[PDB]
Each structure stands twice: as structure tokens, then as C-alpha cells.
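K.L.:
Here's the letter readout for the chains.
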Amino acid sequence: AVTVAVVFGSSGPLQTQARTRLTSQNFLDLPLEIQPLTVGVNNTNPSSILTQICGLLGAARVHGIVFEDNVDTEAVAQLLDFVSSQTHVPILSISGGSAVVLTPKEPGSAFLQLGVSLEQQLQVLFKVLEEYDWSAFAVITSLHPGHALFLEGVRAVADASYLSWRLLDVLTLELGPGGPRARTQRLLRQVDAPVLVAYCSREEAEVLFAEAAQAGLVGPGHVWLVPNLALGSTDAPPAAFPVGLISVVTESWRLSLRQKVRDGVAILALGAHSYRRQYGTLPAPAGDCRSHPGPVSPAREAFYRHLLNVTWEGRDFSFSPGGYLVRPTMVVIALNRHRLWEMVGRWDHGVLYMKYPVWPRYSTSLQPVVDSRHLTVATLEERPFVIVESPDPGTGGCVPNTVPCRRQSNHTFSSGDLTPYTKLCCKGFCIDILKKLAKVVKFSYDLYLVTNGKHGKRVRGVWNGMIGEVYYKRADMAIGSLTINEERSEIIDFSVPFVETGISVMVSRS
Amino acid sequence: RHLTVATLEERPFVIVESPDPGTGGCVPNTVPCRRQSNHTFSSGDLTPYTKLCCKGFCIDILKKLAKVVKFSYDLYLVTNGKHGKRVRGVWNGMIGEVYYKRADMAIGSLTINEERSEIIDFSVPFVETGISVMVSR
Amino acid sequence: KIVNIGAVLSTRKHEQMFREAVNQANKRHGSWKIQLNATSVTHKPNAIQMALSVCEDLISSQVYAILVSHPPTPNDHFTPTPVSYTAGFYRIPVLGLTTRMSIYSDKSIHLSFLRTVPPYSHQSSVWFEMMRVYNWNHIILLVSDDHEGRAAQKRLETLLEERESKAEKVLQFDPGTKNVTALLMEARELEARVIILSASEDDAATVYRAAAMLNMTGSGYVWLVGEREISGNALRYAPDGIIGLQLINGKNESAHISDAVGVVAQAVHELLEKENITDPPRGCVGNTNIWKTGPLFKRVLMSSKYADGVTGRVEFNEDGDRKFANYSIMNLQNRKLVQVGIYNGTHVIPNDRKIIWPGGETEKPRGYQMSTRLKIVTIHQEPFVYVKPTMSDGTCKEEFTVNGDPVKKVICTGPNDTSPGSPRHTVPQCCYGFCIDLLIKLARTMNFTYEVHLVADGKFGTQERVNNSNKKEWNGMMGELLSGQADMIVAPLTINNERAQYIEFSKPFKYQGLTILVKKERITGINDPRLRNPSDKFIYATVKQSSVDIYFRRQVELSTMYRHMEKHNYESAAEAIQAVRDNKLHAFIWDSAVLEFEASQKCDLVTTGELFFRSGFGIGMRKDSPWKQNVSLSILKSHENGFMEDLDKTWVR
Ligand SMILES: *[C@@H]1O[C@H](CO)[C@@H](O[C@@H]2O[C@H](CO)[C@@H](O)[C@H](O)[C@H]2NC(C)=O)[C@H](O)[C@H]1NC(C)=O
Ligand SMILES: *[C@@H]1O[C@H](CO)[C@@H](O[C@@H]2O[C@H](CO)[C@@H](O)[C@H](O)[C@H]2NC(C)=O)[C@H](O)[C@H]1NC(C)=O
Ligand SMILES: *[C@@H]1O[C@H](CO)[C@@H](O[C@@H]2O[C@H](CO)[C@@H](O)[C@H](O)[C@H]2NC(C)=O)[C@H](O)[C@H]1NC(C)=O
Ligand SMILES: *[C@@H]1O[C@H](CO)[C@@H](O[C@@H]2O[C@H](CO)[C@@H](O)[C@H](O)[C@H]2NC(C)=O)[C@H](O)[C@H]1NC(C)=O
Ligand SMILES: *[C@@H]1O[C@H](CO)[C@@H](O[C@@H]2O[C@H](CO)[C@@H](O)[C@H](O)[C@H]2NC(C)=O)[C@H](O)[C@H]1NC(C)=O
Ligand SMILES: *[C@@H]1O[C@H](CO)[C@@H](O[C@@H]2O[C@H](CO)[C@@H](O)[C@H](O)[C@H]2NC(C)=O)[C@H](O)[C@H]1NC(C)=O
Ligand SMILES: *[C@@H]1O[C@H](CO)[C@@H](O[C@@H]2O[C@H](CO)[C@@H](O)[C@H](O)[C@H]2NC(C)=O)[C@H](O)[C@H]1NC(C)=O
Ligand SMILES: *[C@@H]1O[C@H](CO)[C@@H](O)[C@H](O)[C@H]1NC(C)=O
Ligand SMILES: *[C@@H]1O[C@H](CO)[C@@H](O)[C@H](O)[C@H]1NC(C)=O
Ligand SMILES: *[C@@H]1O[C@H](CO)[C@@H](O)[C@H](O)[C@H]1NC(C)=O
Ligand SMILES: *[C@@H]1O[C@H](CO)[C@@H](O)[C@H](O)[C@H]1NC(C)=O
Ligand SMILES: *[C@@H]1O[C@H](CO)[C@@H](O)[C@H](O)[C@H]1NC(C)=O
Ligand SMILES: *[C@@H]1O[C@H](CO)[C@@H](O)[C@H](O)[C@H]1NC(C)=O
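Chains as they are written, first to last, in the authors' numbering: chain B, 29 to 538; chain D, 401 to 537; chain A, 25 to 544, 662 to 794.
Note that these hints are calculated values from the structure, not bench results.
One or more of the hints may lead you astray.
[Unchecked claim] Subject to a maximum C-alpha distance of 27 Å in a straight line, what follows is the list of computed DSS-like cross-link-like pairs (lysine-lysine):
1) A:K51 / A:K329
2) A:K298 / A:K322
3) A:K769 / A:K193
4) A:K421 / D:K501
5) D:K464 / B:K467
6) B:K463 / D:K467
7) B:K467 / D:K463
[To be verified] Stretch-level coverage of chain D by chain A, calculated; a stretch enters the list once three of its residues show a Cβ under 8 Å from a Cβ in chain A:
8) 505-516
9) 523-532
In this text, a Cβ means the ideal position worked out from N, Cα and C, and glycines have one as well.
Okay, chain B solo, but in the shape it has when bound:
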């Protein structure tokens, strides 16, 4: 019946090829049983690729081709696109390496990459930034070919968003093996931004992270975000990658090669089945190199369209006209303390599912200690100085000039170790003072309210309130309506008073 071919190039064990056709007696779940064919190049060079595709085409009449590569191979995507354009055969790229989206396809192309574009990744990264309320970021791009598309995408996403996205500085570096050591440290030394979005290849990403570590740009107080270009073989990341690096991948990142091959075979089978049930006949197999078609046949243009909109096992695999995946279930992953890539959030349908209410920061990359510029600011509520409010319903988040403050835990029912918090928006005189202080001294802060006590009172030998939080190392500083007196100065150190107060008596003049 239907002939679907699987092409290789990941090398590794050689027995897997047999399994690739053993699964022939596994597709009984899929209607319209498919005859597979397994031939795998082991040098992944243009000559072998072209010759093996030529022989595979010449030997048996194939209806679709599935390609897979390991990692970090650039020009294979162009070769597969060229072969698809010439021979007019529907190819399907799975796994990685060749799954990086190649945006401008040839008019007759049928590459149909199983990847996600740059614009969607930037959309999800900006959604994450909105979730964690990081309005001011800086963009660091190399001279890798494609940075122009990245800049256009970030500008488009910034413009096409309700939030007032701030672009602090865009600086183009010059990475590469060895290269020009200088002119990067100087530029990275004067980028004043708490969150950085970087775009560079795997080796360039490693070099950039090493330079930033030498430049004091990693650790708490600095959050890095990268697309899949920086990630290579997520099974094992390099040591130069800083803990807390955030990226966005597709759902299939955790799947195995066999599962991806099954998914691609299922996609081709469902496309062929839809074509058969629409036209009442099996799809016409492709030809070979000789006698190039020229104008795309109407049957080809119909089989391609049928293959476009296909849904399998819940997840939808609709393909954009450009050849990539439109509206996929994307997962936002990050590098944990133990240097292992683990999922942090999902995307599903336009809605973020983050498992950290507050973004964590770790003692990693704190060799000079002073790099711990991050602070946690305990605070209370007093009507003139600090006032909280519910998030603005129109655009979520908060109103401009309103710092997001998380109430201490969820004491109403979670009065325990449970970390999840509850978000509110804080403003007032003391919040303005704290904002100006963070702008001048150049530090970052996590503002949070206090639930145990109000301002501090020695009860049974312990301290509660903001004084209690600061005295017990739970907060690096406390700001609000905190009065300076002798008992508090003996256990904690105050600052110069910024508003003079005292004890006063109020009466009724009526």
C-alpha cells in the first residue's frame, strides 16, 4: 500500500535500523497500513545524501520521506529542501539538526519541517517575561546569519503587546572559536539590564556565557533567555551554561528517536488517508531526478494541502504555509541547580502554566559574593506610604509605576512551608523611594508583604514583623513605615531617616 521511507544520519547504534522496520508490525492502530523502508546514511554529506535519496527513489515507489539528524547540522536543511523541490516528494524532517525552521522555502518545496519559528518562540518568551514582570530587558545577538530575523521578531512582538516593553540596549557581539577576545568584555561591562535575551549558536552561546561569567553577568540578578539555537543535545548541556538559563522548546524534546519516527510516520499516513478518503484513490508516488516536473501537479498541490492540517493523539500538527508548525504545544524549560534541563512551564493554548510563582535564584556563580545584588524586601501596608491593590484586569499585571508584590505565602489556607505566593500590586511613597534606590545603587529586589506581626515587638524573646524578618535573615532589607528607636538599632542597622516623624495626638475640633 502506502510506502513511507525513513532516512537517518544520527549514526549511533546500527541495530536500530532493523527496529525501524520491525515497527512495520506496529502501525495497526493507524488505518491504511503502511510499508516502511529503512536506509540510513552514516556520513551525512551532500554526495551520500543525494545518492541514497536517488537510489531510494529509483528502487521502490515511495509516497513520503522522513528525515532525522542528530544536532547542530546547518546545511542539511537546505539540501533536503533542494531535493524536495527537484524530485517533488513530500519530505518530513523530525528530531533535530534539520528541524530548525528555514523560513523562505522554494516555490515548489515540500520540506514541512517539524519545528517552530523564531516569532513564536519570542512570543512565548515575552509571555514568560510578562508572567514574571520583567519590563526592562537587553538583547544580545551575535553575527550569526539570521539575527536580522531575530531582531525583526523581537521588535514586532514588543510592538504587538499590551505591556510597555522596554528595550534597554541592543548590542551585537563577535563570537566564534577564539576570535577577537576584546571588544566583547568592554561592551558587556556596561550593559545595565536585569534580564537578557540572547541569540547565538551553540558554540557562540558557550563563548558568550564564558565571557559573561568573566564580565560578572551571570548568577542572581541576571536572567538569561535563549531560543533553541543555543541548546544542543539537551540530554547533556555544557558546563559553561549558567544555572537559570531559560529556553522554549517543543513538546517532543523529551521523546525518543523511535517515538519521533512513529509520529512522523503517523503524520504521513494520516495525510495519505485523508487524501484517499477525499479523492477516493491512493496518493500518487513521486518520481526521481530525471524529467523534472516544473509546474506543481494539481494532485501534488492537493496531497500537500491534505498533509498540512493533520491532528494526531490530541496534539495538533497543523503546518503553516512556510513549512513550520503553527500553534504547537510548547514547553518553557530551564537549567536547574543540578545542571539538568527540566520543564518549568507549558503553553498549550495561549495560556501559561508556570510552576514557580516567583522565579528562583541560586548561589551559583557567586564567586565574589558581591554578585548577589539580589535583595528581598519585606514590607507592610500603611495607607499613606505603602498601598496594595488587585492586579489590573484589563491587561493583567499592574498599572505603570506599581511594583508587583507577593504576599507572604498563602497563609489563608497554606500557612505552611508551601512556597506558592499570591500576587498584588504595591505603590506609594515608600515604593517610590525603593524604586529610586534600586535605580541608583543598581540592584534588583523581590518585594513581599509580611504576615507575622506588623512592625516588630519582642514577644517571649523573639522578633516578629519586618524587624523580625530582617533580624532572622529572611529579608535583606525592610522598607515601609518603620520607626527608628534604640531597641531596634541594637539588633539591626537602620539608614539615614528620609521622613521625620514622632509621637503625636489627634483630637476632634468640632
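Please build the complex by placing chains D and A with the ligands on the supplied structure of chain B, with the hints as guidance.
P.N.:
Okay, now just chains D and A with the ligands, sitting in the frame of chain B:
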């Protein structure tokens, strides 16, 4: 990006001072300005131009414009006539300097009117004014 | 060490020319030991067989760079693609000599690709220069939907956005599709008289025939096209008087071969000093890694000033494209393609002959044809524009001033409709007042006729995010002026930065500010603590989609101001004044010119504080409208003689 700005002294808006002898230069918040170099004051090789310092409303506006539009500029006063009047078909003053391309732009107490707006271009007014009558109480 | 270069040609004779040229290049240089060697291969019909031919011979030999030409018969981007892909797999630089497509400028697809000839997109640059020479501003971009048209449009838009300008409209013409008459019919309406075309031969011929059908080739129009539109089928049906251009050399293969081998040899000699040279992959089979020196070889090859070539100085830009060029400007004068100038690279140089424009005129035509019948929009503001119902015979009540002067009235079409909700019927009324008198004077002075109509939704207009989308779109008189339903706004429209980006404002015809109206005096400006601390005790509001809304929304210091305002905005100024007088709203923030007149006439109300946003009313027009200066001059004249004083005295007592 280097604009040549012509101006003229008008007490509320433009004020010229000699630089402070003690520090060599002059007080900050005061843009250095030169006097027209037609008459050479070199006296040999010292300086062909009188170096003063200009301050006031119009100079503050010009500094704000330089910061916002991100351009650099010098500043020189006009010693050939007042703000500008057509005499024998030619223009003198600030309008003369701008119309004959001796300066990029003219700033100061310059009123927008039809006869000037025909020969040169004008920006949006930044302070309103007109003909007014002064009498002694 | 023998450094070998390679070439893929078609004629089987130009390869001998390439061998001769490389021999001469070897005869002249710093070192003579590198023994520069050359190899060549003829083109293959099958693209896959062509790529295999690249993998053999060229790649199999120890080659450092590859050159590729194009057969004379136009085949477009089909022949250099396989060699480009195969050599970009190993980052082996490939120099194109005759290909013109812009797909090879994209470094994401073709990684190691350089060219000695500018692509079709770069032609847009010279058009910009011509637009600077003849001061043309209103242009139409009739471009194909393929990659070439998109690239040319993107480059022209980038150049235009670097300056302060914008193309009037673009028209996407799907390649190979007949009936382009809809696009030409759309473009005929627009004010722009400069037509710019970017399409293939068949598409150019089709649009030329369609334009001849629509008489769009007559006097006043200007046509600027590219190389593809003055050759082949296009030239046969091209209208006379079009201005095209063509590259000087273009198809001189030998010049581009000598000029390429010279720069390649210079680059090799230049980077040989640093050494660390890595031998090439030596065959497609048996290697899977890129050639390490390759990227650095391309990087040093891109920056190579070979200023001794046949075709002049050779320099490459950031995308590996030949920086400069010389384009000869061609005019179709009586079925003959005559040259009238040469583009040096930054300015077009006219030396001989005279340009004959399509209409037969020997005089440079302006790039617009502003019509006489002018549609003018207006809003209902009491001191400026009184709108009154017309009697059943189609004219409204005659009236005279107290002094004894006749009140001039015009007919207008407003939203008067009995149906609820939106305006569902445009019943005419009669309009008069300050703005209408100014309009009558302006029309008399500038010699144009007008049709006055009222705004649809009763709002002045601020840009707002359109529903079920993420982009912001204008509304009110602003939206109607920008879209094209109205050609000029004669109404009390406040000048501000947000509107000035898209609309052109004349000189202010009325200076005023913003003030606060309350019932008949404990408010001082917008700085009183009550107005800085919003509460139910003191409620304040403005008119939705007005200048005050924009002013408060654009202020970071006054965010709470706008937050409180958003809960109580009003549909119109008159209903807001009525609500304030009836003790339903406490304070109303609005323009001083209207608020002071209301306080004087209707009494029982007081204006408090000093004006906190001084601005003016101005006539609004579309961006870069040709007759802005006229109007501005007239307005200034009206300020000088007596007209604005009379208009103030007669209307706003
Ligand atoms: C996926 O897309 C194809 C084509 O866009 C859809 O095929 C259409 O099916 C309807 C009825 O089922 C026909 O009336 C149309 O003519 C078909 N379009 C063609 C032939 O181009 C297909 O239905 C889509 N899948 C689903 C599940 O709806
Ligand atoms: C210098 O270039 C010539 C180009 O002809 C090379 O000669 C070719 O060499 C290859 C490989 O040995 C043969 O397959 C061709 O048949 C040869 N062509 C001819 C016309 O003889 C020569 O090998 C090069 N010199 C080197 C690489 O040292
Ligand atoms: C393209 O199609 C349109 C149909 O919308 C044609 O427009 C009609 O043309 C005829 C004759 O020219 C007129 O009598 C009709 O009034 C037109 N209709 C409209 C709605 O404009 C047009 O002629 C076609 N052009 C070509 C070249 O085929
Ligand atoms: C390409 O250009 C070169 C020079 O620009 C042309 O070479 C000329 O050839 C003619 C006869 O073929 C000689 O009389 C000239 O002296 C040559 N020029 C120079 C500077 O020596 C060459 O002919 C052109 N090729 C084509 C196909 O037009
Ligand atoms: C376009 O043509 C002009 C000729 O007018 C070229 O100018 C020549 O430039 C070279 C090197 O810069 C000089 O040696 C010649 O003397 C110039 N010619 C003249 C007549 O002065 C110019 O180089 C050409 N443009 C390009 C890109 O080659
Ligand atoms: C104002 O415009 C009208 C119409 O454009 C001008 O009337 C034309 O005048 C010319 C000669 O002056 C005649 O040849 C036309 O036949 C007239 N057309 C119409 C429709 O009357 C009028 O002259 C203009 N006023 C001026 C120039 O002062
Ligand atoms: C602005 O007004 C001036 C009048 O001073 C116009 O200049 C005249 O324009 C007409 C037609 O455009 C010409 O026939 C006259 O020769 C012009 N007069 C002079 C002295 O040059 C000018 O055209 C108006 N601006 C616009 C855009 O129409
Ligand atoms: C690659 O080619 C075949 C795969 O069919 C394999 O048997 C051979 O050992 C491989 N050659 C290598 C790894 O050099
Ligand atoms: C509050 O924290 C608890 C602790 O796990 C969590 O279960 C709950 O969902 C949180 N409520 C929120 C975030 O509204
Ligand atoms: C330059 O100065 C001379 C006096 O030396 C005087 O005629 C006038 O101010 C200037 N002359 C010009 C501008 O021709
Ligand atoms: C050349 O290569 C050597 C190692 O072989 C390296 O140490 C040196 O830095 C290189 N010089 C360059 C790339 O300029
Ligand atoms: C305004 O509309 C109403 C309802 O349709 C109509 O009765 C009235 O005549 C209209 N006004 C004029 C001036 O025609
Ligand atoms: C307007 O947008 C809302 C979403 O906020 C949507 O529910 C509604 O259907 C849209 N209306 C129209 C007419 O598109």
C-alpha cells in the same frame, strides 16, 4: 549632524556674558557662543572671534532639542541687522543668514509671519506672542 | 602549497577566457609560489546531476573558491542554487558573476555566497535618489507577490523610513495571473502620480497593456521600472516615456571573470600572512565537517578593496553584495531606448539629451494631481460649528447678526438618525460658525470647492487597539482623514505630538489651552490635592477619544488621573456641560476656547485655575499634503490683516 545655529540677543530669551576669568571657561548651564567673524579680532594669532557665553529661554530650548533629536551644534550671533527686514530685495539678520544658507537654523525672538514663511520654513511655535501696547499706570 | 580555484560555466569557450585570466593573475603578484591553479566544469541539465558534478571535480579537487555564471538565456535562480548549497555545506565561498536574484542575499539560506553584481533589489536605491532629485514624495509601489517583489518593497520601505516619509500604497500583483485591472483602478483614485513597478517580463507586459487600456500612461503620470521591465516581452508593449535603467556591464562575462579572479587572488595573498590555512575537504565523500578556514576566508574576502578591475572598484557590503555600481538610465523615446544619464553610485549625473515624459511633455511634471472637489469633515462644537436642522425644502432658517450682517451657512451631512445606537441615516443639516467662516475664506482664497460632512461617531479621535487584534487604529475625524473618507479637517482639532506623526497640521488659527469648568471656585489647575487623590467626593471627567484623553494617557506622572477619568468619560462636550450644570458631574476638563465661551454665554458656571496645556487649533491634512503651505500662509495672513479679530468678535463674544 552638526547644525550651525544663528541667534541674537533678546534679554528675556537670549543673554550674552563674558566667560568667568577665574576658571577660564564659564558657568555651566550656559552654552558657549561666538560673535560674527567678519571683523577679525585676531590681533595677530590670538583669536579671530569674540567668545561669549549665551543663556536663557531659547538656549534652554535649543539644548533640549539637541538632547532629544541627538544632534550637535555651535552658536553664533548676528551682527548684520536685527531679526530681519527685506531691504532692496535682500534679507539681513537671522532671516538673511538662514535664507542665504550661512546657518542651518535660527533661534531666538523670531515671529512667524507670511513674508518670512514664504521665503523660509518655520517650525511649530513654542511660545505665543503678538502685537501689544504698553502704557504707564 | 598549490591554491586551486574553480569555475562552473556554460559556453565551453568562456572557460578558456577564465584560464587565460587566471594565468595573467598568476603572472602578477606578491608571492609566486602559491602556484595559483584553476579548474572548470560546464553546466549540467539535471539539477541533481549538477550538484553531483560540483561534488566531483570541483569539490574533489583541493579548491579554495568557486565561481558560477549564468547561461545567456534567462533561467532565473535555478542554475547557481545546487553549487551554492554544495559549497555552503563546507563554507567554501562562491562568487556569482551574472545572477541577479535577491534570494542569494539571504545569508540564512546561502551561507557562503558573494556576488560581483548588485541584485534586482538594489535598483530601488537609485529610485530613492531620483525621488530626491525631482522632489517626488507621493509614490505607488506596484510589486509582485514573489520573493523579488517583497525584497524590493522591503528595501524601498527601509530607505523611505530612514528619511521622514512613507509610500502612499503598495499593490501586490500575483505572478502569472491575468486581470491586474483591479489594482490599476485602485491606484487611479489615489493622488500619487508616480508609478514604480517591480515584476518579471510577462507581468510587466500585462500591466503595461492593462494601463494602456485604462489610459494611465497619459500626461502627468511618471513610470519608473527596472531592468526586467525594459527588455524581452515588456519592451514590446511598454508605453513611451517610461524611465527604466540597466547595468553598464550586466552580461559581460569576461569582465566579471577577470574582475573576480583579481579580487580572489588579492584576498588569498592578504589572508596568507596570518597562515593557519586549512586544506579543503577534498571530496564530498569522506568528510562531514566544515572547512575551518572557510569562514575567515569569506570574512577577509568580503572586505577587499580591489580598485583595479575591468568593471571598476570592487567592494562588498555586509551581506556579500557588490557595494557600488553604474546604472544607465533609459527612456523609451519613440520606440527607442535612449540613455539620458549614469548613476555614479550616490548621485545620478545628467549630461546630454532631454527626458521625454510619457505624456509628451518636455517639462518635469509634479508627482500629484490634487483634485478640486474636496471632502471636508467637521465635528459639532458649539462656539465654532453650530449645526442646525434644515427646513423641509432643503435649506435652513435665514439668520442675521445683531450688527446686521448676513450669516453664511453651508449644507452638511450629519449623523441625524431616528434609529438608536450608531448613526444609521445621514440626514443633511446646515452648518455655520467660526470654522465654517474660516473654511469659506480659505476656499475663496485657494480657489477650490468643498463638500462638508460631519464625523460619523462624534469623536475627535485617538488611536486605539482594534478589537480581536493587537494593533492600534485611529478613529473619529483622525481615522476618517487617514483612511481617505475626508481630505481635510476644518474643526477645533488640538495640535499634539501623537497626531502630528500621522497628520499634517497647519499653523494654529486659534491659540488656547486646557482648563476646568465647575459650578458657580476652589480648584487651582490640575495640581490640587483633591485632583491628585481621586475619590467619590470629587468626580472629574472629559470627552472620550479627545486630546485630553491622549494628554493624560501619555503622562506617566498622571496615570491615576487617567485611571479615575476612564470610569466617567462622556460621549460629547455638550452633554458633559449639561451634566455638570445639572450637578451630575463635579469638574469638567476641556479646552479653554470652548469652556470660556460656555461660561460666558450660559453663565451659572465658572472656570478655575490657569491653563495647564497651551496649544492651538489647526487644519489637519494627510501626511505630506502638497497644499499645506498654501493653507498655512493663508492662516498667517488671516492673523495679520483683520480676519481673526473679526471672527472672534462676531462669534465668540
Ligand atoms: C484538512 O484540509 C483539507 C483541505 O483543506 C480538508 O478537505 C476538505 O474537505 C471538505 C469536506 O470534508 C471538502 O468539502 C473540501 O473540498 C476539502 N478541501 C479540499 C479538497 O481542498 C479537510 O476536511 C481538512 N480536515 C478536516 C478534519 O476538516
Ligand atoms: C591543476 O588544475 C588542473 C585542471 O585541469 C588539474 O588537472 C585535473 O586534475 C584532476 C585530478 O587529478 C583530473 O581528474 C583532471 O582530469 C585533470 N584535468 C586535466 C585537464 O588534466 C590539476 O590536477 C591541478 N593540479 C593540482 C591539483 O596539483
Ligand atoms: C477583470 O474582472 C473584472 C470583474 O470584476 C472585469 O470588470 C468588468 O469589466 C467589464 C468590461 O471591461 C465591465 O463592463 C464591467 O462593468 C466590469 N465590472 C466591474 C465590477 O468592474 C474586468 O473587465 C476584467 N478584466 C480583464 C482584463 O479580464
Ligand atoms: C567586455 O568588456 C571589455 C572591455 O570593457 C571588452 O573588451 C574590448 O573588446 C574589443 C573587441 O572585442 C576591443 O576592441 C577593446 O579594446 C576591448 N576593451 C579593452 C579595454 O581592451 C569586451 O569586448 C566586452 N565583451 C562583450 C561581450 O561585450
Ligand atoms: C562608474 O563609472 C565611473 C566612470 O565615470 C568610474 O569611475 C572610475 O573610477 C576608477 C576607480 O575609482 C578611476 O580609476 C577612474 O578614473 C574613474 N573614471 C573616471 C572617468 O574618472 C566608476 O568606478 C564606475 N563605478 C564602478 C562601481 O565601477
Ligand atoms: C479657479 O479655478 C477655476 C477652475 O479651475 C478657473 O476657471 C478656469 O479658468 C480658465 C482660465 O482662467 C479657463 O480656461 C477654464 O475654462 C476655467 N474653468 C472653469 C471650470 O471655469 C479659475 O480661472 C480659477 N481662478 C483663478 C485662476 O483666479
Ligand atoms: C500656494 O500658493 C501659490 C500662490 O502664491 C501657488 O503658486 C502658483 O501656483 C499656480 C498653480 O499651482 C501656478 O500657476 C502659479 O504660477 C504659481 N505662482 C507662482 C508665483 O509661482 C502654489 O501653487 C500654491 N501651492 C500649491 C501646492 O498649490
Ligand atoms: C559508513 O558506511 C557503512 C554504512 O552503511 C558502514 O558499514 C561503514 O563502516 C561506515 N564507515 C565509516 C564509519 O567509516
Ligand atoms: C496558594 O499557595 C498554595 C500552596 O501550594 C497553592 O496550592 C495555591 O494554589 C495558591 N493559591 C493561589 C496561587 O491563588
Ligand atoms: C563686515 O564688517 C564691515 C566693517 O569692517 C562692515 O562693512 C560690515 O559690518 C560687514 N561687511 C559686509 C558683511 O560686507
Ligand atoms: C594560529 O594557530 C595557532 C595554533 O595552531 C594559534 O595559537 C594562533 O592563535 C592562531 N593565530 C591566528 C588564528 O591568528
Ligand atoms: C433628523 O432625523 C429625524 C428622524 O429621522 C427627522 O424627522 C428629521 O427631519 C431629521 N432632520 C432634518 C433636518 O431633516
Ligand atoms: C471582539 O473581541 C472580543 C475579545 O475581547 C471577542 O470576544 C469578540 O467576538 C470580538 N468581536 C468581534 C466583532 O470581532
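K.L.:
With reference to the structure, classify each hint as holding or not holding.
P.N.:
Hints versus structure:
Distance check on the hinted pair: A:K51 and A:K329 sit about 20 Å apart at the alpha-carbon level, within 27 Å; holds. A hinted pair counts as satisfied when its Cα atoms are at most 27 Å apart, and A:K298 with A:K322 qualifies at roughly 14 Å. Of the pairs offered as hints, the one joining A:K769 and A:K193 holds, with about 21 Å between alpha carbons and a cut-off of 27 Å not exceeded. This hinted pair does not check out: A:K421 and D:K501 have alpha carbons roughly 56 Å apart, beyond 27 Å.
For a cut-off of 27 Å, the pair hint linking D:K464 to B:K467 stands: about 23 Å separates their Cα positions. For the given pair, B:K463 sits about 25 Å from D:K467 by alpha-carbon distance, which is consistent with the 27 Å threshold. A distance of roughly 25 Å separates the Cα atoms of B:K467 and D:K463; the hinted pair therefore holds under the 27 Å criterion. Against chain A, the region 505-516 of chain D contributes 3 residues with a C-beta closer than 8 Å to a partner C-beta. That satisfies the three-residue criterion, and the hint holds.
Given as covered by chain A, the region 523-532 of chain D passes the check, having 3 residues with a CB less than 8 Å from a CB of that chain where 3 are the minimum.
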